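A.B. asks: Each chain is listed here by its residues.
Number of protein chains: 2
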Amino acid sequence: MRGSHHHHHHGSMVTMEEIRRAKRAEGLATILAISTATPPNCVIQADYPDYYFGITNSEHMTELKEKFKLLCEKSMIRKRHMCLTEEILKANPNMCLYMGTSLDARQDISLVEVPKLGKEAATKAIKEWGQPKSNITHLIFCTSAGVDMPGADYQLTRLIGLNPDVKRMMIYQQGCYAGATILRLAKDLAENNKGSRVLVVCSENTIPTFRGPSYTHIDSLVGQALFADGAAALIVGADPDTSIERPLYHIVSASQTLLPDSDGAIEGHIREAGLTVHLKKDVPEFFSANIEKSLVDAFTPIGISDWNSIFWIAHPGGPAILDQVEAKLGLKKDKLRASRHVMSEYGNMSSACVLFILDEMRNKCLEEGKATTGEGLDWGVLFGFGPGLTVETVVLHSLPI
Amino acid sequence: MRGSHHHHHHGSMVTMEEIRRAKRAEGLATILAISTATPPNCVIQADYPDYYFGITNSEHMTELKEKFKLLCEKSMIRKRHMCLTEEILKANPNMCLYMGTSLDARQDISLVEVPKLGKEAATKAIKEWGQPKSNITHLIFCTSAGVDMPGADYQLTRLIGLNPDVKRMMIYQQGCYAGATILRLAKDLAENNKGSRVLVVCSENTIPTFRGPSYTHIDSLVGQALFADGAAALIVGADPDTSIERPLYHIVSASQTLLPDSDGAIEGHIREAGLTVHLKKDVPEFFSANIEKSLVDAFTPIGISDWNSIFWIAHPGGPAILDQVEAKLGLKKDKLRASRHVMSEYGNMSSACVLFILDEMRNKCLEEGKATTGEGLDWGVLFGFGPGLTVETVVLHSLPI
Ligand SMILES: CC(C)(COP(=O)(O)OP(=O)(O)OC[C@H]1O[C@@H](n2cnc3c(N)ncnc32)[C@H](O)[C@@H]1OP(=O)(O)O)[C@@H](O)C(=O)NCCC(=O)NCCS
Ligand SMILES: CC(C)(COP(=O)(O)OP(=O)(O)OC[C@H]1O[C@@H](n2cnc3c(N)ncnc32)[C@H](O)[C@@H]1OP(=O)(O)O)[C@@H](O)C(=O)NCCC(=O)NCCS
Ligand code: NI
Ligand code: NI
Ligand code: NI
Ligand code: NI
Ligand code: NI
Ligand code: NI
Ligand code: NI
Ligand code: NI
Ligand code: NI
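Order-wise, the sequence lines are chains B and A. Numbering-wise, the authors' numbering puts 259 at position 271 of the first sequence, and it's gapless, one number per residue. Numbering-wise, the authors' numbering puts 262 at position 274 of the second sequence, and it's gapless, one number per residue.
For the record, the hints were derived by calculation from the structure and aren't laboratory data. Certain hints may be false.
Straight-line C-alpha distance at most 27 Å; calculated DSSO-like pairs for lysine-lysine [what the hints assert, rightly or not]: (1) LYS11/B <-> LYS182/A; (2) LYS281/B <-> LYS104/A; (3) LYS281/A <-> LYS121/B; (4) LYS281/A <-> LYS11/B; (5) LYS281/B <-> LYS182/A; (6) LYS182/A <-> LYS182/B; (7) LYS281/A <-> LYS182/B; (8) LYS281/B <-> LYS281/A; (9) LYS182/B <-> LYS104/A; (10) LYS268/B <-> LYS104/A.
Computed far set for chain A versus chain B, every beta-carbon distance over 12 Å [unchecked claim]: (11) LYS62; (12) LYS121; (13) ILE290; (14) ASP294; (15) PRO375.
Built from N, CA and C at the ideal position, the CB exists for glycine as well.
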């Protein structure tokens, strides 16, 4: 009948609307647990130039070694964790060359290691969350350290013992912005599916990227100074039961954009020689020059324009990027503290960094008695940077401690 | 107060709540356009054994060739489209070996071909849709034919000229169920974002899977009899404006599950020799034995138990899979018509198949004057089959013609 409602000519369509109403969640996606893992083996950055040029038979490349020493010194990295050991490299001479035929060997090690390290981080996140693993409805797995069919998502599912009907999304080779990407993904999964609990795992390592030095590619030396191993895990859910679950952050919005005229600035090829990485000298300039446009597009609907009034999580893959953004925007020197703390303690773990940093920030906030998980502030930004060039921008809201 | 006034923005609770209220769409993710593309070069299946054993210099493997002839005759494939030509293969003897070092040569061709073919399909889908491409907010790109950084999603974005702010999700190496996967993905993206319009593109080809014959891997011969090139594109959006947009299918629900005891039944490895594919002989038994459980889980909440009362789209990875599903469930002989039609005309194009089949069904329904896009029926199921073993189950609702 006539009134302030419309009608449907089919009952099945009415049934569809009932289904949709019942299948979806109400609130914003929230982060409920965060955990990290690293391989036990660790290299001290100060000792790495001698170790690296030794193991790659390159002691005679004197100019090159001097450049690498400067790279490791400017890296602002104290230590890095690596599955890759002297023993493993000795058994794989082709990985020690610059472009040796070595993908198969890299793959044979990495494809087992990726979900293994991921499981270690996941188990902890599940333990913090406190709920049975049979309540996890979704899994997001993220890596750039080796592709396989079925993927690391399948391997993790069987390793942990998740429900066979767990809904999986496998995010392969998206590189250093992907830690933000899977937050963008987890937000839509969690908010569109009622009661859904999303396990989010990333796991990165240096197995496919390690290679000997070369005059042909000084940009490769940059990678050898920075890349590191690490895994991180999250439990994400909307509508938390606060009697058993403890929200840490709301995922308010998530954006992604391509930087104009940056085409080709960062490239990564999966080849017979493994994963090759090429970096133009221009990369930090591109990011620092464009980052405010992302801040403005993200925070204008929130009414914020003062970038010192929000808390910051920024992928610290290149120190120059953080340094130039800090200067360009006039950030207070403590804004990127948690970000730089993770880079110093762990190095560039690609997608895992921003999640290490969230954990570091909520931990320090708790033990220093800060008012929020966002260093006492309400609103925050989390950035992923990587190939495209691509900027991922996640707006977060903190929770009271 | 009396004085000059400046402006103030709303506090956290009001701002958080307004964001949450404004963020979501209301209705179900709906498919608004479908388009397909294939490379111009086509091989007739009846001639393929002679062609295949000739180009790989294996004319003396007369026994194997006779087996391959039976595989191609049983394939129920008439023709296949392939970017790979006789001319390309003669210039790449290593691709013609069973396990030749050839990934680099395969990548150099495939990484260009994947977004190119995808672009052809995308352009047509946008044209059917009829809206300016600047209204595309999301892009999902799906391929298993070659990985790169940045990915095919980036390449397609630049080739087409999508907004740099387009939200990209790159789905790599998820194999033959991924056509359903990206429907599952597009559903959550479209439904959780008000006004969002999702371009969904998949592009598959045989460049990394082509290889010479082997007595050790008859399963590889199976692949050489089936795998083919193809791309498909979709526009997906919730809350269509029916004055400018025309709905074809509603994506009602999307599930994913792993088959018990099916470990290793389908594997795909990225190696120095390209993409190797392994298939156990039990694969059709695994799917047909377990498929009814997926039907029950998907359709019980909809009140349906008669599998002939729904329309069917099933990935035609193997004709044996469709044959045993049909037999096991007691399907009428025309249920899988459109599915086997795409297989016959195109072969196994991996993720693209189920989207070709959706296109085939709505085209045939329109030109035969059927009542709905679902062969006159209201509810339908779409199946992806692949590594895991993984069954993706999408429930669809047709639109009236
Ligand atoms: C690596 C890094 C910490 C080095 O610190 P720095 O302040 O650049 O140190 P300097 O510039 O004094 O010295 C670096 C040397 O390596 C060179 N170099 C650095 N990056 C290079 C690149 N991508 N390609 C070629 N050369 C490079 C510099 O030109 C210089 O060479 P030179 O002494 O022969 O002239 C800094 O460049 C950085 O963080 N870069 C970002 C790298 C990046 O894009 N990472 C991925 C982010 S997602
Ligand atoms: C391949 C296929 C078309 C063959 O047709 P068919 O009707 O099964 O023909 P048959 O099974 O009688 O004969 C097939 C021959 O190849 C063999 N064969 C079939 N599939 C095989 C496999 N996966 N691995 C090894 N051998 C296989 C059979 O054993 C038989 O060899 P034999 O004569 O020495 O015993 C059919 O089995 C099929 O469609 N299989 C599914 C393929 C698949 O898994 N696709 C998914 C790819 S991602
Ligand atoms: Ni380089
Ligand atoms: Ni304002
Ligand atoms: Ni610390
Ligand atoms: Ni006043
Ligand atoms: Ni005013
Ligand atoms: Ni005031
Ligand atoms: Ni107001
Ligand atoms: Ni095999
Ligand atoms: Ni046809």
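A.B. asks: Indicate, hint by hint, whether the structure satisfies it.
C.D. replies: Each hint, compared with the structure:
1. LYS11/B <-> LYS182/A: 17 Å, holds
2. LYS281/B <-> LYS104/A: With a Cα-Cα distance of about 31 Å, the restraint between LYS281/B and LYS104/A is violated, given a limit of 27 Å.
3. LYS281/A <-> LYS121/B: 22 Å, holds
4. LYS281/A <-> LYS11/B: Cα-Cα ~20 Å, so holds.
5. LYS281/B <-> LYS182/A: Holds - the C-alpha atoms of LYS182/A and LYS281/B are around 22 Å apart, at most 27 Å.
6. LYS182/A <-> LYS182/B: 18 Å, holds
7. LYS281/A <-> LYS182/B: Between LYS281/A and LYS182/B the Cα gap is close to 22 Å, so the pair holds against 27 Å.
8. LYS281/B <-> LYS281/A: 50 Å, violated
9. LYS182/B <-> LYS104/A: Judged against 27 Å, a Cα distance of about 38 Å means the pair is violated.
10. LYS268/B <-> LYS104/A: 26 Å, holds
11. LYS62: It holds; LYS62/A is separated from chain B by about 25 Å at its closest Cβ, greater than 12 Å.
12. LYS121: 15 Å, holds
13. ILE290: 7 Å, violated
14. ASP294: Since the minimum Cβ distance to chain B is about 15 Å, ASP294/A lies beyond 12 Å and the statement holds.
15. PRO375: Given a closest Cβ separation of 4 Å, the condition is violated.
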